[PDB]
Amino acid sequence: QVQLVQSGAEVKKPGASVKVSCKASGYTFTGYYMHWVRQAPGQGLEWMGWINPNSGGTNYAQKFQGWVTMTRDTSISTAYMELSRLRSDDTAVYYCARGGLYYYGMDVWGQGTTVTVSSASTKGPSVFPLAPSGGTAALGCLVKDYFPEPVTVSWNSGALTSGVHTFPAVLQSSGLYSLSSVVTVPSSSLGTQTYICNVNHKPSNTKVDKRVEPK
Amino acid sequence: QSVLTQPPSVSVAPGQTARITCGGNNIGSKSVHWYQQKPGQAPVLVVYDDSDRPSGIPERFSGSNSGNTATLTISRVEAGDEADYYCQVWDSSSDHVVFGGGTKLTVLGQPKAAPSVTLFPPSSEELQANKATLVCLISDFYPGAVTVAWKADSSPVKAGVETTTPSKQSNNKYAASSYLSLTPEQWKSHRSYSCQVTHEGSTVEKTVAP
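Residue numbers (our numbering), protein chains in the order written: chain E, 33 to 247; chain D, 26 to 235.
Hints in this document: simulated from the structure, not taken from any laboratory. Even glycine gets a Cβ: it sits at the ideal position worked out from N, Cα and C. Please note that the accuracy of each hint is not assured.
Taking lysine-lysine pairs in the DSSO-like style, the calculated list, with each CA pair at most 30 Å apart, reads [stated by the list, open to error]: (1) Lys155(E) to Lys55(D); (2) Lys242(E) to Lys231(D); (3) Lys213(D) to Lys176(D); (4) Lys95(E) to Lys55(D); (5) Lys234(E) to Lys129(D); (6) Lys55(E) to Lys45(E); (7) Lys198(D) to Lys183(D); (8) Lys44(E) to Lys95(E); (9) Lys137(D) to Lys155(E); (10) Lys231(D) to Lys51(E); (11) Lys247(E) to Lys129(D); (12) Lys51(E) to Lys95(E); (13) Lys45(E) to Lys239(E); (14) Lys183(D) to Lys193(D); (15) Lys44(E) to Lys176(D); (16) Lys183(D) to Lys234(E); (17) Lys44(E) to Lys55(E); (18) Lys176(D) to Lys129(D); (19) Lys63(D) to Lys183(D); (20) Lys55(D) to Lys137(D); (21) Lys234(E) to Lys45(E); (22) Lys231(D) to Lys44(E); (23) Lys44(E) to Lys155(E); (24) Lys137(D) to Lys234(E); (25) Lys231(D) to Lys193(D); (26) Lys129(D) to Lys155(E); (27) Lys45(E) to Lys231(D); (28) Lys137(D) to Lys156(D); (29) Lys239(E) to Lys193(D); (30) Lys176(D) to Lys231(D); (31) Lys95(E) to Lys198(D); (32) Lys247(E) to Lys51(E); (33) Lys95(E) to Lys231(D); (34) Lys63(D) to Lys247(E); (35) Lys239(E) to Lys176(D).
Just a sample of chain E residues kept apart from chain D, beta carbon distances all over 10 Å, derived [stated by the list, open to error]: (36) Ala41; (37) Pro46; (38) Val50; (39) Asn86; (40) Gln143.
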């Protein structure tokens, strides 16, 4: 199927530079113009510019000209966008989109790349089990004080998916994140069933497993 | 010369017809595209070249474009049509792509849901580690506005409170969470702490004790 897959979320210090990638598959990468559009948290879509994947020519909205640089590698059907001298205000989700050979809109969009501009340092999470207090019970896991996003939580190495609610992380005042995962389970299961929340924070190379037992 | 205007919001009863406009100088001679964006997903092209639908977009979505106003029209509105909608043109006289400012579409009439509150106390493991976190989990509420207040022995606490802004769940209701931070002595010094959640004039409280 026609598809655009963007590189993973990145974090950078103010004044640094980031380069984001956009991998296309399922069509002739050199036939359509590639666009980049930004969406800062809570904001509308903002067109940044286009690149001709075939020739390399670029055209920029006035707001983005100069400190945004679009390139491409025909080899791996990958487009690149670079932001220079980053500012805290540049924290946003960045999308590449296919459009124009004769323009019929942007029919294919990548999943978006999050670029966060911050001075905090990579920090692995401390993980804490939230023991349960009847018909159902709520047992959980606390993923505390980590940077950056994201972390992944599964239960019992993936065997447990029903009743799992993993909440969006909070960005504390400290600069660090925290997030909780809770699973609803039958009260007859406690003391009988093992509950383990698998936490993975790739940026700090941290994998942790915690047994969550009744009090 | 190059500004696209949309109403910032439109709201509509279910089953009714919604209409979202896109204003522009001679836009009727330009070629207008529309995008639908639901929360946390990437925009989707729903209408292109004024009025064509890409495959997979149902006919309830139609489009029009004449004079200085283009119109996206959504027939037989469902709650699943709630989203932001952007219009867009390529401006030939500048080779720029321009988006409209976006329209919030609200489908009125979904029913109220009080939040479920779950509250966890610090664990012994956190305490031995100088953390102690109170965790308040708030789920399944509609609509998505809420105030969270922490109490320590009936007295308000504002220090050490971190709260998320509400987010839509998969079931199209909302979630949010609040964390309180305190020292082990602060935790051990009171009879109780409370996570107090108010939603649509009603308050739901959960309380925990050492």
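Against the structure, the hints:
no. : hint                   : verdict
1   : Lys155(E) to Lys55(D)  : violated (51 Å)
2   : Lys242(E) to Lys231(D) : holds (26 Å)
3   : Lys213(D) to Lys176(D) : holds (14 Å)
4   : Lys95(E) to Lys55(D)   : holds (23 Å)
5   : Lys234(E) to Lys129(D) : violated (36 Å)
6   : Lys55(E) to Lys45(E)   : holds (25 Å)
7   : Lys198(D) to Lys183(D) : holds (27 Å)
8   : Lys44(E) to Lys95(E)   : holds (21 Å)
9   : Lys137(D) to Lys155(E) : violated (40 Å)
10  : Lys231(D) to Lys51(E)  : violated (46 Å)
11  : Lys247(E) to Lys129(D) : violated (46 Å)
12  : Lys51(E) to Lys95(E)   : holds (18 Å)
13  : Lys45(E) to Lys239(E)  : holds (25 Å)
14  : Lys183(D) to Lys193(D) : holds (26 Å)
15  : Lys44(E) to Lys176(D)  : violated (38 Å)
16  : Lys183(D) to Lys234(E) : violated (33 Å)
17  : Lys44(E) to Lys55(E)   : holds (22 Å)
18  : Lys176(D) to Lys129(D) : violated (36 Å)
19  : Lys63(D) to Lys183(D)  : violated (33 Å)
20  : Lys55(D) to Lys137(D)  : violated (43 Å)
21  : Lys234(E) to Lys45(E)  : holds (19 Å)
22  : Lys231(D) to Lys44(E)  : violated (39 Å)
23  : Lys44(E) to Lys155(E)  : holds (14 Å)
24  : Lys137(D) to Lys234(E) : violated (39 Å)
25  : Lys231(D) to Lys193(D) : holds (22 Å)
26  : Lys129(D) to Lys155(E) : violated (37 Å)
27  : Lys45(E) to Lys231(D)  : violated (40 Å)
28  : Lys137(D) to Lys156(D) : violated (36 Å)
29  : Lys239(E) to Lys193(D) : holds (28 Å)
30  : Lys176(D) to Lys231(D) : holds (10 Å)
31  : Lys95(E) to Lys198(D)  : violated (37 Å)
32  : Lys247(E) to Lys51(E)  : violated (48 Å)
33  : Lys95(E) to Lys231(D)  : violated (48 Å)
34  : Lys63(D) to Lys247(E)  : violated (41 Å)
35  : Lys239(E) to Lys176(D) : violated (35 Å)
36  : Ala41                  : holds (14 Å)
37  : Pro46                  : holds (23 Å)
38  : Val50                  : holds (20 Å)
39  : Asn86                  : holds (17 Å)
40  : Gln143                 : violated (6 Å)
The structure shown violates the earlier hints numbered 1, 5, 9, 10, 11, 15, 16, 18, 19, 20, 22, 24, 26, 27, 28, 31, 32, 33, 34, 35 and 40.
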